[PDB]
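Next up: just one chain, as structure tokens, the form deposited in one PDB entry.
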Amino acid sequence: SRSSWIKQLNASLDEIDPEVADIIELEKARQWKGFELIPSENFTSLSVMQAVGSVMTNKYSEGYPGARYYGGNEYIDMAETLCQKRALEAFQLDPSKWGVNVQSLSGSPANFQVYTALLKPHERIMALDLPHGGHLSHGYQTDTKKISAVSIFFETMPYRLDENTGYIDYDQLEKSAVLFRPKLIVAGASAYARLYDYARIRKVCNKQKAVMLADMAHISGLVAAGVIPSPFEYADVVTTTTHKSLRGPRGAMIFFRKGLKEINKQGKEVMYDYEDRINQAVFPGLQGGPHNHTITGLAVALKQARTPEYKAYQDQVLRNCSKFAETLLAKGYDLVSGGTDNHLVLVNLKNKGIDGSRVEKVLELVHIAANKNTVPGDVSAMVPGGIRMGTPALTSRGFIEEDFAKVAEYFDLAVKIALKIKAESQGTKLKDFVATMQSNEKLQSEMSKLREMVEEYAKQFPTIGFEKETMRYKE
């Protein structure tokens, strides 16, 4: 059994677990044949995946480079030090003014670790309201329930959009902050199509003596390439995931000011007080052993973020989204804020007489991956009135402006099918919509035809991270 279990440890996935191998092959074909429009998704490189799938996973390395609680970490230290160096370089940060923690396991715990580092329990946080494009890891509660645990352990209050313009209502943010006295204000969003006024957030944070946390998860790759303004110009702390526009592994980073404070902010302490608190909140506070396979893959992704090819990619992401929005507007769709400055759009389906749940069900059946999304003016969060879509993932496969014009066309055809399913539905209920969607033979034929059109279009483009020639599912 000794030599036998060594064979099982060194055999390939195809031989050891054909069921799992088949699932991955099906997912490869899904990524090949679909319109992947979820703006938080991307296709990471083969080189990142080879690092994440390496023996770096075997090592325990609690602590920080050169200051570990375990032996054997000479090369894990090289990886984490290299990752930190490349993280600062990717955002053109002076290492005497900025530090970074690369151990946070994902975006949601990264933010919680910042709160734990800098705030006592029940201290006050302001952030963009979830139904107005915020994120759960900034806090969220309903009339009856705290949904995010951020709102359990800390005291949260939202700020909102101007529902007439679709931009953040900074005037109301400032006035609210005077009364609520936040200790930390979050500048970051999941479904905001415009650029943040980081200068205004900084002004409010200075008046309130609040920490300015920029959560740039969605835009980090755009920031790294220098194609939009950087939150590092203003923020005290910057969190980000590594798997969205950055195009890296699933993970996160926390950046923070260090060294001497501004002349007019030096007092009983002259140095920033973020580095030790954040590093200690990550470990020993809330995490144990770093995931060194992810950290090593992150180092790879951060080197890729420096290249001219990467800047060209992020430029194309923005130009594709601009064209995408223009085509949607010309086909009659309403966009929240009327357009976009970044990688995503938010379609408000109110002017079409159908909701996001119904449209997304059709999108899924025609191999278009998006998400239903609350829009300003929605009466209920349970019934989202919009669809969120973006350009990072298909841009990575080589979609350019005319290709996203085609994506908008096929989105439009899917909405028209959803409207027919609604018209053919007997009752008002979503259950009746689904029953029509699964029983009507003519409308199933139209969805089947649209699905073939999407797949034929998407299949022409390169696959990212694997070769077409060795795919199990080539049809």
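Positions refer to the first chain, counted from 1. The term rigid core refers to the maximal set of C-alpha atoms that superpose within 1.5 Å between the two forms. First, how it differs from the form deposited in another entry.
The residue among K120, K207, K265, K331 whose Cα moves by 2 angstroms or more between these two forms, once the core is superposed, is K265.
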Contents of the next structure:
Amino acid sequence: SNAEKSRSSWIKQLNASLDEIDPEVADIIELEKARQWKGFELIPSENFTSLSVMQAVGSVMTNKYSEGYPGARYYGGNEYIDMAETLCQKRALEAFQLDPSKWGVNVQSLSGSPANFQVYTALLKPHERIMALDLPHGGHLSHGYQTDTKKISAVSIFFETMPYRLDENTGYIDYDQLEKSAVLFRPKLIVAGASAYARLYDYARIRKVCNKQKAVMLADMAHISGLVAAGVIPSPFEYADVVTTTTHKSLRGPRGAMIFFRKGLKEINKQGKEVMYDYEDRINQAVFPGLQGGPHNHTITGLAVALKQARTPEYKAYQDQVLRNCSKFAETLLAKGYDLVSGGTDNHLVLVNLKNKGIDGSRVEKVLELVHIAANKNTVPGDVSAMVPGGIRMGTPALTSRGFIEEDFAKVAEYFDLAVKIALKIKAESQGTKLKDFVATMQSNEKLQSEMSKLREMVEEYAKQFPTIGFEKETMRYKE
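Moving on from the form deposited in one PDB entry, please list the structure of the form deposited in another entry.
Since only the chain itself is given, any partners or molecules it might have are not part of what comes next.
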């Protein structure tokens, strides 16, 4: 009686819906759905995943252990997991128009940050040297980072890192100083990859420095991979030895990562011997058995779906719109008196340098957040500290996914400008000059609270008009 009652009970538990089993979690998800419906989402690393990707990520593919590689597994039962991973690899090469005799791919790395660590582990001995764009100048923690205080990224613990920096007069990477630094530092690997950079890489110049230094050229295209797949910006694959990327962000896939690497002939050396690329086995073995265990086959299957979408004409039109929206956004910001780092943009984001407006990014970000415009404060050339940012970073991928077009991003720039004006009013009313005096005014001044409520209402009414991505408005729990 009790034994069978219990067995029926745990089977019911396993087959019941989330709404029935865990209403508290279901409610949180419904609140997050409403949040994604109502906001101006300008964080340039964020996007809205398709329903079909989410259905694959939420499938029974999660149940399987499949250590190894297709057709070379350690466990049985992997006939269909092998189909998915093989299909994912094939679509990954196709999405970037790569010759499979010249390029291989690993689709098992769990996210962007460990993907880079796996490349370093594959190709570098402990304490060998890496150069990458300095984090406050637009780099990423997974390329290394250390302050005067301590090593922040563990890449800087296990490997020896050194940054390269912007030309702070132009806002572009200072390639001349990168080259001169590399002569002295002797990197074994140079990363060409940025997060908060409004320009595209001079991959040809990085390639020249890497050739002279006999360094691996790693392109980390996480922020731009969807633009690359659509063919609307130049491809790092024209030059790089290894290419890493997140599968989320501009690719618009599940949370995950890919590692691409050259295969085949590198050069015939001076003795007439072929030198072959030595990346495939080293990288595949660093991922497994080196640093990961069982692949996440639900994510790999969702990635295959995302990579199919990436080849379509609709996806190319989407990425074209991302760029055109960002240019219109930049146009409108310039017309309204804002300064852009490097003077403009060539991609999906802008960096606004707020110095000429007489207020910093931390104050503006707080007002934007209260009116449901998501952006983030950003270091700009000229800041005295990497902890007091003078700028704001904003981008177009997420709202473009919901159907914002050029005229809509002109409106986004208008509402951003209205938020900046409120921030300046709060600063003017602030009894003091420190950020705590600013937030005290921002939370007690009823007149300025009312202006922010009004602007928040304007933001939400504009955003709500657009389709929701990945779920239906009609079945949302929270329709106000």
